[PDB]
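Visitor: Listed below are the residues making up each chain.
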Amino acid sequence: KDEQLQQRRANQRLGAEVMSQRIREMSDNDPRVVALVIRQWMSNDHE
Amino acid sequence: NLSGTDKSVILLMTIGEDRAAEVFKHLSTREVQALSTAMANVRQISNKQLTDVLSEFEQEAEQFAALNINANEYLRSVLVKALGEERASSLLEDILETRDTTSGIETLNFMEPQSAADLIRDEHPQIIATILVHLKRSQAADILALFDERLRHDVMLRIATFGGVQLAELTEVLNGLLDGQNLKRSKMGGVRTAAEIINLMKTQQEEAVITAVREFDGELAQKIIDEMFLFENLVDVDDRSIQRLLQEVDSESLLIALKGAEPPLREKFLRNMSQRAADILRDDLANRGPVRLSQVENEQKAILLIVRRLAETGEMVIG
Amino acid sequence: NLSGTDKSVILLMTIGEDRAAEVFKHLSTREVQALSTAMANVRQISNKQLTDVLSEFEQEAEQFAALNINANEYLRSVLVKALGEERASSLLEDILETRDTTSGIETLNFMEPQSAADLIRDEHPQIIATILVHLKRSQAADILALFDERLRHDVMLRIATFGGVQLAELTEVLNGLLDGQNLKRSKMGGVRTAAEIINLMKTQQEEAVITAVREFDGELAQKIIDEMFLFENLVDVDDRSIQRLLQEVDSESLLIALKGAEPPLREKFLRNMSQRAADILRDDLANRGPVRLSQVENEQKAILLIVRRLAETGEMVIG
Amino acid sequence: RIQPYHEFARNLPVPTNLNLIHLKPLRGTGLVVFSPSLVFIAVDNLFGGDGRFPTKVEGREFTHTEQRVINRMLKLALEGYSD
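Protein sequences appear in the order of chains E, Z, F and A.
Residue numbering for the first sequence follows UniProt numbering, starting at 514 and increasing by one per position.
FYI, in UniProt numbering the residues of the second sequence are 3 to 168, 172 to 324.
FYI, in UniProt numbering the residues of the third sequence are 3 to 168, 172 to 324.
Residue numbering for the fourth sequence follows UniProt numbering, starting at 85 and increasing by one per position.
Source of the hints: derived by calculation from the structure; they are not laboratory data.
There may be inaccurate statements among the hints.
Quick list of simulated restraints, FRET-style, between CB atoms [claimed, not checked]:
#, chain 1, residue 1, chain 2, residue 2, range
1, Z, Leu309, F, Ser105, 27 to 35 Å
2, Z, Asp102, A, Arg156, 34 to 42 Å
3, F, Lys138, Z, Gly185, 28 to 36 Å
4, F, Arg45, Z, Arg45, 27 to 35 Å
5, A, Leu158, Z, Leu310, 34 to 42 Å
6, Z, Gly185, A, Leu110, 45 to 53 Å
7, Z, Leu159, A, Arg156, 49 to 57 Å
8, Z, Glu114, F, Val196, 43 to 51 Å
9, F, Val196, A, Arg156, 32 to 40 Å
10, A, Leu158, Z, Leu309, 46 to 54 Å
11, F, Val80, A, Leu102, 41 to 49 Å
Straight-line alpha carbon distances no greater than 27 Å define the calculated DSSO-like cross-link-like pairs of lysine-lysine that follow [stated by the list, open to error]:
#, chain 1, residue 1, chain 2, residue 2
12, Z, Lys306, F, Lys138
13, F, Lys189, F, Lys138
14, A, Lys159, A, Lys108
15, F, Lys228, F, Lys192
16, E, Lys514, Z, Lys50
17, F, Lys273, F, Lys306
18, F, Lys50, F, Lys9
19, F, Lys306, F, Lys228
20, Z, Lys207, Z, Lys273
21, F, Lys228, Z, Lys207
22, E, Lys514, F, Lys9
23, F, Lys27, F, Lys83
24, F, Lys138, Z, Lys192
25, F, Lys207, F, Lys306
26, F, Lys207, F, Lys273
27, Z, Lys27, F, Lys83
28, F, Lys83, Z, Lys9
29, Z, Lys189, Z, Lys138
30, F, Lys83, Z, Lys189
31, Z, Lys138, Z, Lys27
32, Z, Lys9, Z, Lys27
33, Z, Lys189, F, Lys138
34, E, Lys514, F, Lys207
35, Z, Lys27, Z, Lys83
36, F, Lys138, Z, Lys207
37, Z, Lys306, Z, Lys228
38, Z, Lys192, Z, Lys138
39, F, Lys207, F, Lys228
40, Z, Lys228, F, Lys138
Virtual Cβ for every residue (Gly too), placed ideally from N, Cα, C.
Excised from the complex, chain E in its bound form:
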């Protein structure tokens, strides 16, 4: 299962990427707070 272990290492890399994506989402929440509120309203309307 060395390939499965490599897949687990890839999953750990994906988890680091997910943390970076979460940081990017946090950055979107952080910079342009107005734009974040506008996107909140837009997602609510799309909902």
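Add chains Z, F and A to chain E, keeping to what the hints say.
Guide: Coordinates of chains Z, F and A only, in the frame set by chain E:
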């Protein structure tokens, strides 16, 4: 499944309270509590899923939001600042009520006319008149028909008298009506459900409760018995409908249910057979004696279930 | 065997109290005590087994948990924090009761209708009405049939009166009903077991206790005698059933049991023979005299055991 | 009503629920009673039911839910009388 509402829900449960607070203040209570539960219990987390969620958020930001300034979020505050800078009249707030009022008028059109009437019967007849004028003509006619004769005539007379076309008082009137349906929807009246529940019960206990409610209130008991009624007389059930159901229903099942059913029911059900099928069914009724009443009731319940299935299809009006 | 419940049990007994405490607070008392016993007495430990357990836990963490934030474990606390930050109304707690109430309503549907009735007969008739409305229609009809006529009619009348559709009071009502079945299941009533135990006893002591309980309470003694009854009359036992059992049962065993049995029993059992088998059995009954009553009772007990085996199969209703 | 304790007990509608509420610093315990019809009506109003087809329970002890609703109404009465 992941709908547009569900995509936003996943976005929210992925991002956090910083945007969840704005979404809540721009949102509704049931979805607020749904996201709170999602935060309390979450099992939709994956390394790729979260990144895809961020990508979907970026798509919404570049399209739905189009990277624009806060939409009525911080803008309404600058609008209030301009309102304060201009005359001391909160017209923007009145327009906000008008926005809910117009949306409520559209909702009123969507929702049931008789429920709208009974929600507005207690209110002022002039309220009824002005709201009926402002509503769609078809919805207005539906509510007019569902009104009693005297109240309907008074509403139309006060519609004729209605010329003030007022201006912010009308908006809060609709807001009050919306708040009187804003409360949890409920609608658990189930006028049909009593009947439905008794039908779900055993037939002997069904008859016993029918007699009991006849003693309780002949009117309510008769309504319950009507809810029990399902294809008992041809003229109301419609022959074309007896024609369509019973060719879908198994002929042997119809036969077994009929030999335990009343002869008028047998005749009205066989009148929509192909003549060969009717003759075969009658000949077998003569041949075999009444089989176990349990099996007869099982076939009758199968007939009723197929009636309910075709009611779900909705191609014709059952009875 | 190692079920999904058992896999989690092995996980817990392998990991320790640090996660066992959270599992207990999210878990139920019998499984808590089962894991406590497992900790007290453990003989499922192996060098490879423990590593495989860790791998299975990692699988659950990457799939069932999907590496997500505490699901309603620490989230409920942040939900309470938001609730505290918002209006002073523990709606989340009411929703928690509603969650148990809805689960209890589903459980109520699963569990026995008459037991549900007798657990709800003592409660308020309005409680019965609202719970019956909220339950499934089929389960509601079953409980309606199992009610007495007067109580059933009162329940349906109060169902008609039921329009308040209330809001957190309904949840705690179900919670009280669940707590009245939350207590150890018991169900050791064994209405059949007395009869079963007496059948397991010797036949002469069975008859003696039957007479004794007839003196005690003719009703209870008659019920016990009914529980003794097993294929004594054709009409209740069903000929098709006498046909099916006795071809499975050895013909010689049937013969030996019949020559010690009553002539009506012999006739009703032979009426479902193949005519050759019936003639052979009757001819041998005429030929051989009554063999030892011990052997006759052994053959009768074998007949009853085969009846119980086919009852286990459940293809038809024995008697 | 001013009457002997035996007269009060005789006039008391059996069955019913009697409650002991001490009054410090005065020695002895106070008593408050409520009718089964009253508790039935209050609890069905809590359920929101009309109650136009009521049932009368005699000799049968109050269920756990009935006694708990009795508990809240008892504490509400206690608070009202206290203020």
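Visitor: Hints first: check each against the structure and report whether it holds.
Guide: Hints versus structure:
1. The hinted range of 27 to 35 Å is satisfied by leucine 309 (chain Z) and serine 105 (chain F), whose Cβ atoms lie roughly 30 Å apart.
2. A hinted range of 34 to 42 Å holds for the C-beta pair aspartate 102 (chain Z) and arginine 156 (chain A), which are about 38 Å apart.
3. With their beta carbons about 31 Å apart, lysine 138 (chain F) and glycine 185 (chain Z) fall inside the hinted range of 28 to 36 Å.
4. Checked against the given bound of 27 to 35 Å, the beta carbons of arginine 45 (chain F) and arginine 45 (chain Z), roughly 33 Å apart, stay inside it.
5. The hinted range of 34 to 42 Å is not satisfied by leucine 158 (chain A) and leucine 310 (chain Z), whose Cβ atoms lie roughly 50 Å apart.
6. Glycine 185 (chain Z) and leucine 110 (chain A) have their C-beta atoms about 51 Å apart, which keeps the hinted 45 to 53 Å range intact.
7. Checked against the hint of 49 to 57 Å, the C-beta distance between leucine 159 (chain Z) and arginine 156 (chain A) comes to roughly 51 Å, which is consistent with it.
8. Taking 43 to 51 Å as the suggested C-beta distance range, the pair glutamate 114 (chain Z) and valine 196 (chain F) conforms, at roughly 50 Å.
9. For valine 196 (chain F) and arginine 156 (chain A), the hinted distance range of 32 to 40 Å is satisfied, since their beta carbons lie about 38 Å from each other.
10. Taking 46 to 54 Å as the suggested C-beta distance range, the pair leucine 158 (chain A) and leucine 309 (chain Z) conforms, at roughly 50 Å.
11. The supplied range of 41 to 49 Å is met by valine 80 (chain F) and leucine 102 (chain A), whose beta-carbon atoms lie about 47 Å from each other.
12. For the suggested pair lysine 306 (chain Z) and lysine 138 (chain F), the alpha carbons sit about 17 Å apart, so the restraint of at most 27 Å is met.
13. Distance hint between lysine 189 (chain F) and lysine 138 (chain F) is fulfilled; the C-alpha atoms sit about 25 Å from each other, no more than 27 Å.
14. A hinted pair counts as satisfied when its Cα atoms are at most 27 Å apart, and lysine 159 (chain A) with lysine 108 (chain A) qualifies at roughly 17 Å.
15. Restraint check for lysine 228 (chain F) and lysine 192 (chain F): the C-alpha separation of about 19 Å stays at or below 27 Å, so the hint holds.
16. Between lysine 514 (chain E) and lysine 50 (chain Z) the alpha-carbon distance is near 22 Å, which keeps this suggested pair within the 27 Å criterion.
17. The suggested pairing of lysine 273 (chain F) with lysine 306 (chain F) holds, with an alpha-carbon distance near 18 Å, which does not exceed 27 Å.
18. With a CA separation close to 15 Å, the supplied pair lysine 50 (chain F) and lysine 9 (chain F) stays within the 27 Å bound.
19. The straight-line distance between the Cα atoms of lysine 306 (chain F) and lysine 228 (chain F) is roughly 20 Å, inside the 27 Å bound, and the hint therefore holds.
20. Between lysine 207 (chain Z) and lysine 273 (chain Z) the alpha-carbon distance is near 25 Å, which keeps this suggested pair within the 27 Å criterion.
21. Taking the CA atoms of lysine 228 (chain F) and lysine 207 (chain Z), the gap is about 25 Å. The hint holds against a cut of 27 Å.
22. Taking the CA atoms of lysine 514 (chain E) and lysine 9 (chain F), the gap is near 22 Å; set against the 27 Å cutoff, the hint holds.
23. Proximity of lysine 27 (chain F) to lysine 83 (chain F) is assessed by CA-CA distance (about 20 Å); at most 27 Å being required, the pair is judged to hold.
24. For the hint linking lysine 138 (chain F) to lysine 192 (chain Z), the alpha-carbon distance of about 17 Å falls within 27 Å, and the restraint holds.
25. Taking the CA atoms of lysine 207 (chain F) and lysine 306 (chain F), the gap is about 10 Å. The hint holds against a cut of 27 Å.
26. With a C-alpha separation of about 25 Å, the suggested pair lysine 207 (chain F) and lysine 273 (chain F) falls inside the 27 Å cut-off, and the hint holds.
27. A hinted pair counts as satisfied when its Cα atoms are at most 27 Å apart, and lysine 27 (chain Z) with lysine 83 (chain F) qualifies at roughly 17 Å.
28. Between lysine 83 (chain F) and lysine 9 (chain Z) the CA atoms are separated by roughly 26 Å; this keeps the pair inside 27 Å, and the hint holds.
29. With a CA separation close to 25 Å, the supplied pair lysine 189 (chain Z) and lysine 138 (chain Z) stays within the 27 Å bound.
30. Note on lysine 83 (chain F) and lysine 189 (chain Z): the hinted pairing holds, with a Cα-Cα distance of about 24 Å set against a maximum of 27 Å.
31. Between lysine 138 (chain Z) and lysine 27 (chain Z), the direct Cα distance comes to roughly 31 Å. Violation of the 27 Å bound is thereby established for this hinted pair.
32. The hinted pair formed by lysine 9 (chain Z) and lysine 27 (chain Z) meets the criterion: a straight-line CA distance of about 19 Å does not exceed 27 Å.
33. For the proposed pair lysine 189 (chain Z) and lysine 138 (chain F), the alpha carbon gap of about 22 Å is at most 27 Å, so the pair holds.
34. Our distance criterion of 27 Å between C-alpha atoms is broken by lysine 514 (chain E) and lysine 207 (chain F), whose separation comes to about 63 Å.
35. Between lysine 27 (chain Z) and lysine 83 (chain Z), the direct Cα distance comes to roughly 20 Å. Compliance with the 27 Å bound is thereby established for this hinted pair.
36. Distance hint between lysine 138 (chain F) and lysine 207 (chain Z) is fulfilled; the C-alpha atoms sit about 14 Å from each other, no more than 27 Å.
37. Restraint check for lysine 306 (chain Z) and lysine 228 (chain Z): satisfied, since their Cα atoms lie roughly 20 Å apart, inside the 27 Å limit.
38. Using a Cα cut-off of 27 Å, the hinted pair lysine 192 (chain Z) and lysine 138 (chain Z) holds, with the two alpha carbons roughly 24 Å apart.
39. For a cut-off of 27 Å, the pair hint linking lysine 207 (chain F) to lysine 228 (chain F) stands: about 19 Å separates their Cα positions.
40. At most 27 Å may separate the alpha-carbon atoms for a hinted pair to count; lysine 228 (chain Z) and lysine 138 (chain F) meet this at roughly 21 Å.
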